[PDB]
Amino acid sequence: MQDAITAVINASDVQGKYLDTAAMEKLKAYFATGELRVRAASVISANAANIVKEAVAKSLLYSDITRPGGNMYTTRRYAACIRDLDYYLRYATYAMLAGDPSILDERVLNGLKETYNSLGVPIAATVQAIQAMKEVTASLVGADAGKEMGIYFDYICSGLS
Amino acid sequence: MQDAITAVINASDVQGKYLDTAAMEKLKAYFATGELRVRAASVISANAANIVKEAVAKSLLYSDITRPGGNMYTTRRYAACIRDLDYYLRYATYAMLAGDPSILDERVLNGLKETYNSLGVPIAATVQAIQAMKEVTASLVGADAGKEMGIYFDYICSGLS
Amino acid sequence: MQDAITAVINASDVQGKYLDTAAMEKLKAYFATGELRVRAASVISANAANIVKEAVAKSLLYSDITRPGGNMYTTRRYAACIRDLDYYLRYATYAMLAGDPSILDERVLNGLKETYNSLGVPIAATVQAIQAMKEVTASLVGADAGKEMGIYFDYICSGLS
Amino acid sequence: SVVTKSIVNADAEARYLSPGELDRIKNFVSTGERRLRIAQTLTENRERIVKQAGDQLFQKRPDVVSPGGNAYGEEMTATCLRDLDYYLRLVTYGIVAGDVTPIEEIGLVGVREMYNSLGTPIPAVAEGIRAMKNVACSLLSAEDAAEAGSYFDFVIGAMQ
Amino acid sequence: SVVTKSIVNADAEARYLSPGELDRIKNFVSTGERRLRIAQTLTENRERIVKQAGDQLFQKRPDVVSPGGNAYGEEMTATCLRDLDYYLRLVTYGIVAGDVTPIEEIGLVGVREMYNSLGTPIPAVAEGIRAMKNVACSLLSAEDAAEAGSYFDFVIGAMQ
Amino acid sequence: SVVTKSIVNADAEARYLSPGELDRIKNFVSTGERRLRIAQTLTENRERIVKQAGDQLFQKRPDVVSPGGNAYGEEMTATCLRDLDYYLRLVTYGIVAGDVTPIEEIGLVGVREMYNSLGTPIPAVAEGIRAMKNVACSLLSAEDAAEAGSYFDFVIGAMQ
Amino acid sequence: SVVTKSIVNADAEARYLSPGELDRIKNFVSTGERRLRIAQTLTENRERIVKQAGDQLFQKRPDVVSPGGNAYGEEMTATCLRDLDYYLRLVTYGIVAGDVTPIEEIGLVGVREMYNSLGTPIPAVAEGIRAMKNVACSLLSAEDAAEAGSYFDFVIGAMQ
Amino acid sequence: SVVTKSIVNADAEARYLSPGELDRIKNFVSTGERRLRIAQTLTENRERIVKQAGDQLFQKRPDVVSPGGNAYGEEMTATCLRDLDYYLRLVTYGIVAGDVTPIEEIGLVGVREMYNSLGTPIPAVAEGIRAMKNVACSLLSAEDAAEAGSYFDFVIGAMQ
Ligand SMILES: *[C@H](C)[C@H]1/C(=C/c2[nH]c(/C=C3N=C(/C=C4\NC(=O)C(CC)=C4C)C(C)=C\3CCC(=O)O)c(CCC(=O)O)c2C)NC(=O)[C@@H]1C
Ligand SMILES: *[C@H](C)[C@H]1/C(=C/c2[nH]c(/C=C3N=C(/C=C4\NC(=O)C(CC)=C4C)C(C)=C\3CCC(=O)O)c(CCC(=O)O)c2C)NC(=O)[C@@H]1C
Ligand SMILES: *[C@H](C)[C@H]1/C(=C/c2[nH]c(/C=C3N=C(/C=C4\NC(=O)C(CC)=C4C)C(C)=C\3CCC(=O)O)c(CCC(=O)O)c2C)NC(=O)[C@@H]1C
Ligand SMILES: CCC1=C(C)/C(=C/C2=NC(=C\c3[nH]c(/C=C4\NC(=O)[C@H](C)[C@H]4CC)c(C)c3CCC(=O)O)/C(CCC(=O)O)=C2C)NC1=O
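Protein chains in written order, with the deposited numbering: chain dP, 1 to 71, 75 to 150, 161 to 174; chain dJ, 1 to 71, 75 to 150, 161 to 174; chain cD, 1 to 71, 75 to 150, 161 to 174; chain dO, 3 to 72, 75 to 150, 161 to 174; chain cE, 3 to 72, 75 to 150, 161 to 174; chain dA, 3 to 72, 75 to 150, 161 to 174; chain cK, 3 to 72, 75 to 150, 161 to 174; chain dK, 3 to 72, 75 to 150, 161 to 174.
Straight-line alpha carbon distances no greater than 25 Å define the calculated SDA-like cross-link-like pairs of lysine to any residue that follow:
{"hint": "1", "chain 1": "dP", "residue 1": "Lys-53", "chain 2": "dP", "residue 2": "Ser-171"}
{"hint": "2", "chain 1": "cE", "residue 1": "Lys-62", "chain 2": "dA", "residue 2": "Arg-50"}
{"hint": "3", "chain 1": "cK", "residue 1": "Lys-53", "chain 2": "cK", "residue 2": "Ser-142"}
{"hint": "4", "chain 1": "dO", "residue 1": "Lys-53", "chain 2": "cK", "residue 2": "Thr-33"}
Everything labelled a hint here was simulated from the structure, so no lab data went into it.
Using the sequences and the hints, build the whole thing.
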């Protein structure tokens, strides 16, 4: 993982240059966003189960996914799907805190598309579900940090696609 | 490829509703702002070479990327970079005219990150170049249509990130 | 006369007490942030003409104010208007270096509202021009210094309105 | 960084960030401006710090710069000074990050292997960084110097 | 007006209007009709006069309208034409007035400061007024050109 | 022309001209007189527009007119201005036609071949046509200037 | 000089300099060696800086070197270089003094009047001064560049 | 190289290398000693070649160093000379390889696109490479210059 601080310093390190004044402006922006980000992370931390519950209701439930032979059918698979949605929520919140999508790329997206295609997981339903999570999360954490959570949720959607 | 007009009618179609008062308000907004969109498209069309030139100068020239052992080194590679920058500009202009980022999604971003990771193209430098184009084209087309363009340029930046 | 350090000294003098730890801490903070304030003030003075040009372009120009009968229609009024913005900036930067908002109230804001009301200057237009200067000055100074400059600029606007 | 440290640990525990860790990153973001100022002064005076501390290193251990030492001749002694410059840069990265994490990656891992194979005496390198720490202390205010002292101290401890 | 200038001088002198001053006021009364006719001609041919003047000024100094120039671009060129039109209207007012009093209060006090702030070239503005003077002489009668040329000339001198 | 372009696309379908296409013909034919007026103004001031464009183009790009450039000497400079005059004639044709097919046919197909064979710099030609656009638009009314800008814009866009 | 400004205040007061004023004199005395070293660098590389800054100024404002510009031709361009050299030497004198007062006395008082009368653009002269400041930043250490940049910036403001 | 071009054609036609292609490779490997000697002289004299040829380029085409030209100013001229150095390096590569494909792959494919973007005039660059060919011919024997000149000729021909 690279957070915004680590990304700035590593970008400067690759060139070999000390932290420039422009890089300092980048770091200052991250520090400015820090309060709203930490507050939103605590909101998601306490309301994580409700976010998954609402999202699975909004999109996944009462569809062909949960009817017999639909892949979310069977209590084992319904449990597995809500587990994966909480994976996405936890890593997306990690990414909101850090400020960089490298957590998503390293810990979620790399290889997930292949495993999902192998297991037969519908990929359109996963994207629709995590977009539904974005709607719920925007409501809970507010628009300003909902702007932020959306960037990382969209990152996951694009990776799965 | 789907405009804002096609998007509005398609959303109403999915809901099986005739175009209602709210969606018709959306359409009225697009029709009203179409004149600004069209004129800005003409401006970018005429000054495409200049926009790419100034962006390549502001962020990419006289640096490691152009010097030997960098990506843009060799005339082959440099010509490819300016070609891709024009592609990002041309599709952004298509998207501004339409009012929807779907053209960018389907035609440009549909694997771009994977292609650049395969060839070794620097994603950060490409993002810098596209943001440089965003600045230059904002100057040329004016602020009013510069904001409308900027959302689609930011879309490409996010996708490549 | 009032400055930040001088005002701490003046309050202590009214008490008659020897320097308190709280007074020492506040004076130490002034000593600590003087470096950033000084560098920004020099930058402001160097780019002072560009700042007022940018401010009138962003707020006070290409409108009815400079069109006939707008209190800037004549060259005399225009010259006085840019001069007034220049004085606003100069005494504001004086005060920003000092660190205390009292200085501007002593000179800039003493009877200024009454004078402008008598002459027919638009109070709101002056306030918006001051805000436009605040944006331009923040851009040139940088966020850390511009935030400090913005507080004292905003105090000037508050006095006007 | 503090943020990365918290997130890595919590990710291993498969747990949304603990409330205390969230408070810790909140304190880090408040303290960030002071960290950036410390990095600003050190990087602005980087040429002074490296130059005079390098003179101190060679004065304290002339055998190291004498003929037969690793920094024997103009070229080799210049590269030794460059290594001192590298470690100052990494210390600035560590100060901004608020944790040793960046310095403990870019350097401080296998430094013993690299230098010992390079032929250099790593205790002498540690003495050079100590000299840089003293110069930085002179250039920093008392409380600010304590934190930068911590990052320099981590470097010299890894060297030893 | 000429009467206004005489009144200002009389007020400073703390004396009733001088007999010669009243005589000039009488001359202004006599020339009111002729001055109004000349002003009507200028207003009637307003668009063509300043159009030709703008072409002449841009020809004389092509950097006003070239890339990197103050009026580079269609919108800024139109604004430059407006500034010239402001001056033309002031000259018509002054011809009616019979004195420099109308122009001096509008476009001849602090004009250098205003133009310096915006960035437009003062010498090029002066040349534009001169081009207007030539066009007006072409479009007016010979003695009408002399009087109109005199008022134009004061404007040009003010720009200097 | 609008008529021939609509007929050609309808011919691809082999359908008789659609009601919308016929309405487009109605609109173009109705506004033809205004188009004639735009072309008339540009051709009436053809000399002034072309020469001013030469002044501005050389001023933006002195290197083309400097010694060792294509437009060195009166004869070479005159040929450059003749090319600008040819393109102004084409622009008037395109305005009257209401489509850019005449401009493309007469002058823009293979222009890169022709100009680099001549040695002339095509980007400099583009700057000259841009100057022609600005000068002509300044002469034209605001409504007329909008359309003429489009016709000039195809030329400059092809030049690039 | 700092001593000169203190002397002016003391002359009006007819009183000995206060402890703070004496501290200012002591600071100038302490940094006298630093000022001399910076002046040594600037004077040593003066000619190279002048030629590099001339190239930068001509690129940024080619109108000055364009036909019809003040510095058109070798003789006029050489005069422009000499004027820039006079400004740079004046900046060196002011830097040695430690205050902008010596530079202000030598020039920049009535400079607007003189340069405008000569016919060279004041903004272009200011741009040349800015190019000189950038070249000095490249050729000097950051701490010395801070003081040198400040005195340069005072010259830029006076030019404005 | 001859070997890679032969393999590429044979690979695209599913053909064990034809006897004629094998003969071409045989001649090329024999001439290797002479090839490497020619390359050694050219790289040893690279400073002289670039300097003299650059003087010739600017003399033949003053517009490129005139204001408004691509190589105006010291830094722009330096980059132009660096490009000439790049092309000489490519020509040495081509001479060693015995084929022009290393030159084509590195620097000749898309050269029009790259230089058109940069604003550089391609025929002027060709003039520079032609001047380099003349200087290299002076530095080489007649038998050597004929072979090396052919590679220079391909570069100018592709960049014509
Ligand atoms: C009834 C005795 C109690 C009760 C239940 C209740 N269940 C639901 C909704 C769902 N139940 C399931 C259950 C299964 N899925 C499976 O694959 C299997 C094993 C084969 C089971 C048992 C599912 C998937 C749903 C979701 C809807 C769907 O089927 O797509 C509801 C509705 C909940 C809601 O508000 O949406 C209810 C009410 N409720 C009671 O009061 C009883 C005590
Ligand atoms: C000199 C003969 C002519 C000229 C050239 C000129 N070129 C540039 C800038 C660049 N040139 C290159 C060229 C190459 N890149 C490559 O990878 C290769 C093959 C290995 C070549 C030949 C590049 C990359 C640049 C960009 C700058 C950079 O290197 O990063 C300039 C500068 C233009 C500018 O303002 O950017 C100039 C002036 N100019 C002349 O007058 C000659 C006719
Ligand atoms: C320019 C900003 C940066 C850069 C890019 C670079 N790209 C390539 C080559 C390719 N680019 C693509 C990309 C696309 N295919 C698409 O369909 C679209 C959207 C319409 C895009 C953007 C592909 C497929 C290639 C490979 C095939 C090809 O060469 O065209 C290169 C060349 C790499 C090579 O090995 O030949 C380069 C250099 N490089 C930079 O330095 C910039 C930061
Ligand atoms: C009654 C006295 C009076 C006058 C005359 C006046 C004019 C005036 N001219 C302006 C701009 C301008 N004026 C010029 C002038 C010129 N550019 C050129 O190349 C020429 C040499 C020249 C004129 C012939 C330009 C280019 C601008 C626009 C500046 C810009 O936006 O970049 C502006 C600012 C923009 C605006 O209108 O809001 C004013 C107010 N205002 C006044 O109160």
